[PDB]
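In the block that follows, a single chain appears as structure tokens, in the form deposited without this ligand.
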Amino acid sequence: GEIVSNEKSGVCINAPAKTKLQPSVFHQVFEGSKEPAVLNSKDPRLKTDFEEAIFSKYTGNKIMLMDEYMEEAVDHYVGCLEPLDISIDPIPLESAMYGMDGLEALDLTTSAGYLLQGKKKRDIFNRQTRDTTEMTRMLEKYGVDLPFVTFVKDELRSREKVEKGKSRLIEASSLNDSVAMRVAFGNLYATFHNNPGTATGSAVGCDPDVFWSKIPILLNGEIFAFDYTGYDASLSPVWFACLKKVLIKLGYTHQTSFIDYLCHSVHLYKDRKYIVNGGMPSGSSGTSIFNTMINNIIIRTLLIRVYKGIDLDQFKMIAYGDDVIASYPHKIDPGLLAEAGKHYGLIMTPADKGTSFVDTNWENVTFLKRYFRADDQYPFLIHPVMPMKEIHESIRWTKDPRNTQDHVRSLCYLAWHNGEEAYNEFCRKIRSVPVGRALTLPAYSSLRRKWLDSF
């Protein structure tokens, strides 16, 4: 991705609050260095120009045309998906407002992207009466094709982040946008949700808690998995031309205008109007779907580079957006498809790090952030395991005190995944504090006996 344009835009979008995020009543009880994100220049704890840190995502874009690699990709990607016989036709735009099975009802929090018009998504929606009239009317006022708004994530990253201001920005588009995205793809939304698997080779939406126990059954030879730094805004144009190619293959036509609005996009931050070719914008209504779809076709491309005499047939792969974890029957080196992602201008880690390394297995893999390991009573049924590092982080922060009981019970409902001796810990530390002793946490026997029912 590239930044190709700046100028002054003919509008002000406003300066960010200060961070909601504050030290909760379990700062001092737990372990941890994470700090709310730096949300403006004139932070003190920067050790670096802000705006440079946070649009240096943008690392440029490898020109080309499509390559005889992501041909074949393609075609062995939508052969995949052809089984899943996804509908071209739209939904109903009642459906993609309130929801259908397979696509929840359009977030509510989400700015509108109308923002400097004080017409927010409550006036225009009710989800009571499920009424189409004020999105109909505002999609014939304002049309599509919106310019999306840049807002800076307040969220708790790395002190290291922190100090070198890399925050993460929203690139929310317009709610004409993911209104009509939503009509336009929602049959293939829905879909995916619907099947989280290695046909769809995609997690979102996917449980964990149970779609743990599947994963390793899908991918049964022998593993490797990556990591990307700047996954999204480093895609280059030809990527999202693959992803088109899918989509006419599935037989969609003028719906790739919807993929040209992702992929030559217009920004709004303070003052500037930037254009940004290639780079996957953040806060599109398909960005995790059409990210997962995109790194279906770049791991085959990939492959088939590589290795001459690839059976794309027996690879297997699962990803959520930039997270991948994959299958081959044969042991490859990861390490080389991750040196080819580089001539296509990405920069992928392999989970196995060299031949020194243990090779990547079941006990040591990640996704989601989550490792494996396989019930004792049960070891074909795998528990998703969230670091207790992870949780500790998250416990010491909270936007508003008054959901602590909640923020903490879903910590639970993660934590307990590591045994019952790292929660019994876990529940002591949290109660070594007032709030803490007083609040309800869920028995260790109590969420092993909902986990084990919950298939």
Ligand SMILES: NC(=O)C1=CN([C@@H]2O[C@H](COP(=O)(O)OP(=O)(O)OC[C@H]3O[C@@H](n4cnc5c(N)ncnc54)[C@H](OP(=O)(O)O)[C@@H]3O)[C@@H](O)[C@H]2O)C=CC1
Given for the second form:
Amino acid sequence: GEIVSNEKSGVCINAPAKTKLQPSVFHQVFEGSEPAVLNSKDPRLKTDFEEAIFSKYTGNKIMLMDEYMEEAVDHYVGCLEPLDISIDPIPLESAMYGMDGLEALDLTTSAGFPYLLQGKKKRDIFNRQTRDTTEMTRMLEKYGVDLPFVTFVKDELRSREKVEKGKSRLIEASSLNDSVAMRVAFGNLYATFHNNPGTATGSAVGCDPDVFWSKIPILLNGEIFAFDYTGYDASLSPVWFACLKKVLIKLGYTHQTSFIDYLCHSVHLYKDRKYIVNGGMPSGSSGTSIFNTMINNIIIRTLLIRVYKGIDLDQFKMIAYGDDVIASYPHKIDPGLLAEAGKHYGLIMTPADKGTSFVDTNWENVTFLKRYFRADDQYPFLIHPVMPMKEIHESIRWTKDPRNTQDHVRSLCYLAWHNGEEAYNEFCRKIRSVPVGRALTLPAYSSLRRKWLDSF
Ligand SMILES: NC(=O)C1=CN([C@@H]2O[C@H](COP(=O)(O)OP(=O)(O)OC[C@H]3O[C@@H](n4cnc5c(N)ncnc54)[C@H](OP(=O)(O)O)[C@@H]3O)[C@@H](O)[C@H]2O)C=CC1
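Having seen the form deposited without this ligand, can you show the form deposited with this ligand bound?
The next block holds the full complex; its first chain is the one shown before.
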């Protein structure tokens, strides 16, 4: 992603609010390092604010698809075909309200241009209960599609370096109109993927880690390697979008590449500004996560081929959620080498195995979706999704709405127990060393562990 232009938008797009992050009744009970920089004049910046949040954009590797890419596409198109992905579009009411494999469109995310400036809240239009499918149809009529991407900073916690640096995350929110039409072209694609995490889709988008993480080592089973990217969604040159376009063709798609063109060449509204981006995937589009994940299936296949000349991908399996990869192949590979030839397409990647001094990525030290893996003692064949306590600790020190504390820790509890009884005792002990949590309902270890085995 690279910014080709920026000019006066024509809109006085609303400056954001203050943050909603306040220290929690556990801010002093657990140890941690605070909410994201949301304006220039925040007292905590050590470099130019506006400069750090668009530096995600690093430039394109402008080019035509090379011979490796074209083969990676065919292998992935052929991994997908058993999943029979209807090119047909879903009815409008299915896009809006949902269907099997597709939740209802989410009511809280913004509607973006040009609604957010005209007093049309999506609460008004949508009206779940009646499944009313008439408002949008005249909304899409009034404004069409291919509409700008309203840009909000993410309201979230970040590490200290990222607050000091100003490395805050942006939401590039597409329009409701855009959302719906997309949801109508690829709904049964979304649906297909959502109902089928694993090696075929090569995806875990919409997986339950509590019950899907045990499937994970059976499908990979070979010699695993994993990767994390740096500024991934922005490190995408237009070409990868074309490889996605090429995949989608072999799935039998036609005029619906329009949508990926909607993502490649992107037009975003910041404040009183209109910047245009060529290459780089927007975070707010109705399939951002799905399309990121397919491109990552293309990227990886390409890197092996380009690197290991004689190669058979039939016995090659991978699983991506956005930028998070984890992959298998019978025989050993140098992920450091894929990371290398990956720079030749302008992509900064980092494998788990960092070098010969470094212990091989194994099932004990590898991660995915921020979680490590660990087999149960009793039923080893069952894999815990283990989230670091550090991660939970940092999660608990701050609150959005202190009235939503009970569910906000219960939600944390269902994640924390996979670290073991003793650690869960430590955790609940710490919680009940402070007035507020002493009355708090907590799930006991045995209850959580029972509920988990019944997920199967
Ligand atoms: N049926 C059940 O009872 C269960 C349901 N679930 C839930 O369903 C989810 C599966 O779908 P998910 O995993 O969310 O994959 P997503 O639907 O999040 O992938 C959609 C992508 O498109 C963008 N987007 C556009 N419009 C919307 C919208 N209206 N709502 C949300 N994202 C939107 C998002 O970007 P951005 O993030 O910028 O919006 C996201 O990256 C699980 O994560 C889990 O929460 C899982 C287990 C059981």
